[PDB]
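Next up: a single chain in structure tokens, the form deposited in one PDB entry.
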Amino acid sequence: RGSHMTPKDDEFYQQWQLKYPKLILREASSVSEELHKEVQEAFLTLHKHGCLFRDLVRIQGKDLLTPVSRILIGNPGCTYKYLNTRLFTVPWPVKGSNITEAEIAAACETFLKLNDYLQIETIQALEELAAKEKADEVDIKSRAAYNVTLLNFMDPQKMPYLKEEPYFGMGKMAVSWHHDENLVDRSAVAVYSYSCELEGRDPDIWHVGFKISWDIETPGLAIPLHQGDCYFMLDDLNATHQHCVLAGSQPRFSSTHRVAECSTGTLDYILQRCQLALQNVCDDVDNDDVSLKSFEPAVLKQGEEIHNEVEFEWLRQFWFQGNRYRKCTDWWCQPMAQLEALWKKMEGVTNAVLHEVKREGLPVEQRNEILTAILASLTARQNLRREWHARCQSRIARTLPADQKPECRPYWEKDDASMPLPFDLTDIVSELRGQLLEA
């Protein structure tokens, strides 16, 4: 049978040193009384204000409510995507920013303070890690450049429905074995754990488990976590090892600081993209007579791709969460209004393209060129629309509370003459395909 080790086992420390060395551990004691207080009160403050939410996530094609409740805090405009769900930051106050409710704002400041301290620690541990290998500095600093933390809460008494750990008999899992997605390559992750107050790991206490990827022969590690212990995954650990969370019996919070790989995941980035798409529009005035500067296939393809990007990675992702951030802050209210306007204009662009493709004096070579440059984009738009609407109407989603109910948005009826094109592109895509096979 597969087995596991905790500090009670003779072989624990040396197995740690041999098969999990890039896993570091700083016990509550390395951290000041002061910061412990501030940070814990900050957790309880967010919890009281109802700021943590279960994500209606996706996994092997199945909609599933995560047993754990979460919240994302970080640099303004930043996102972190896991399990097909883009979490938007509730902003903490980096330099250059000034706003979002009192006690909540103060909690954000506090997790920024925590972010700072843990960063300093991570850099020190990676320095040590290298000098241990000795027998760039900018790489280290960018691998500890935490731009977000993902907070988690679970109260096992309230959230009993928990799976047994299958390979090492670690007992009950809060979070099953996984790799953390969407992180900068080789970037560290720093977790502050806070648990509110014989053969194997003690079930009453929280543990983080690690195993080697592909491997259930090498026994796994189960590391006990009390109030205020911190652990760190350094470097390639998150890629070479898997981790899970073993549930104790008391509620527990954690702050999991990460370098989210946000090259296509920031308000700034998606605004530059929308703008790039709108470069193809005549923009003297904002009205519905949409007229484009060019129908070169490359420019049109690009436009429709950006159209999809803002619709499905930004708008539908944001509204699937049914405006639950509105509880914590309004930071994204204006930006999302603006992205919605940019997208509406793009529905305008697509319409103008469909107008061209139907234009009498257009040589069929060129028409077919247009079709072949946009067809993929439009069928992807259709398939992703079926997906999001269904995901918004699924039995599970309809049972969430009213301030969390998924919201299929934007959405308009075929009768709605405010919008230039139907929500259901099925017929249109059929038509374009048919044209493309005309002898």
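Residue numbers count along the first chain shown, from 1. Just so we're on the same page, rigid core means the largest C-alpha set that superposes within 1.5 Å between forms. First, how it differs from the form deposited in another entry.
- Core-based superposition between these two forms shows that, of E27, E33, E41, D403, only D403 has its Cα displaced by 2 Å or more.
- The Cα shift for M159 between these two forms, taken after rigid core superposition, is 2 angstroms or larger.
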Contents of the next structure:
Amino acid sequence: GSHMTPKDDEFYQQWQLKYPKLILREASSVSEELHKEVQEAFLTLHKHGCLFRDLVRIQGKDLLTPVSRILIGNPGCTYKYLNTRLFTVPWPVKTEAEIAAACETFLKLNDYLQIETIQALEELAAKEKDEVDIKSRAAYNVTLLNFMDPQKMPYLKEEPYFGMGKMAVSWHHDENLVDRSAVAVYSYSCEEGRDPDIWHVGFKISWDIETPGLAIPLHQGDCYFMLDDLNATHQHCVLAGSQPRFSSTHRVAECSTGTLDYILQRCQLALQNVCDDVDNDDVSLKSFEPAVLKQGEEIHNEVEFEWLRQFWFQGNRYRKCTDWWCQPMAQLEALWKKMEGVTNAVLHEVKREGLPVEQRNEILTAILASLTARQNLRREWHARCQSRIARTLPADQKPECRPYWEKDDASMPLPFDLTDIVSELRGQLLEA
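Go ahead and give the structure of the form deposited in another entry, now that the form deposited in one PDB entry is out.
Only one chain is given; partner chains and other molecules are left out.
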């Protein structure tokens, strides 16, 4: 395989014909004032230690990301990639003033890039021969900030198909975005084939290493845009230069099951089956109908694994730059603890003498997959909290395996390990 850069005569026509949905707006087109502001914002964020490498999970292995990052965006919004849910430090849509100022800066960059994107999307439609679709596909709700110092990496991976040289980030799609949504990236580098000292973004067609890839040089303050279905039909990578680089990558995160309001509402739905006169350990349920019980136990899993474990696995890195999620997370944990109460109440009822066996077995069938998944996912998460790299990484830089409690812990109604309970319930369902 081979690739094309601006040095190749064929670059220009290949871009024009096979990448009309890829747009580059060079530093020129962006005001010197905005450049100054976002570049300074990058630097304060970096100095206040707001960017971290994430311990992600990909095809079974636990890996530290080469880039350190932070997610900034709409209050209560989250973004899930590589099995890790990132939580926004909020930006002032309708904390220390410095970080607050930085987030404010990245909101107005967001506004600017949003405008640029709509324009580009409008011009693309005109070329191609609705109005609501365009604006919704440009309505960026988060940005993921990235930083890498390549001189800090002992060995960088070679780009494997086109001879593009050292990769800072491997070939991928930006995951979990709204369908056909645009992506906009502000790139900030500190200042035969592609120039090794300069940062590039590379593109290829999915499934395809025969059509030469493009490598687009990125100088200080250059912006690039993936429009419409480009992010889906193509992969991209980031090719490392010799100097450090920041990027701000603005996305329309698909957040239908990914906001604080969404998850609080799911919890409230679950607790509708609980007599709510008073908050104490004496949990009693309004109904034992299979469909209501299954739903309750599913919500229980959702808040435990998608929210609590995700949040705490990331070493409590937030109250550092924002306490915003601290109270929400306390609240979600209290809701989850009530639901541990619910599971116990269901279990009590299963054991009640005078419960017909047919009704018991209908209850078992309703809840068994949820409890099985709860056991398995607890194993998987506990594994993830030790692994190798978690072991290797310093004591300061370790994942927290919360919520977790000992067999002796009398504050919790059920054991953390559900193996016996699951076995027993399963056994009962095979009884004759």
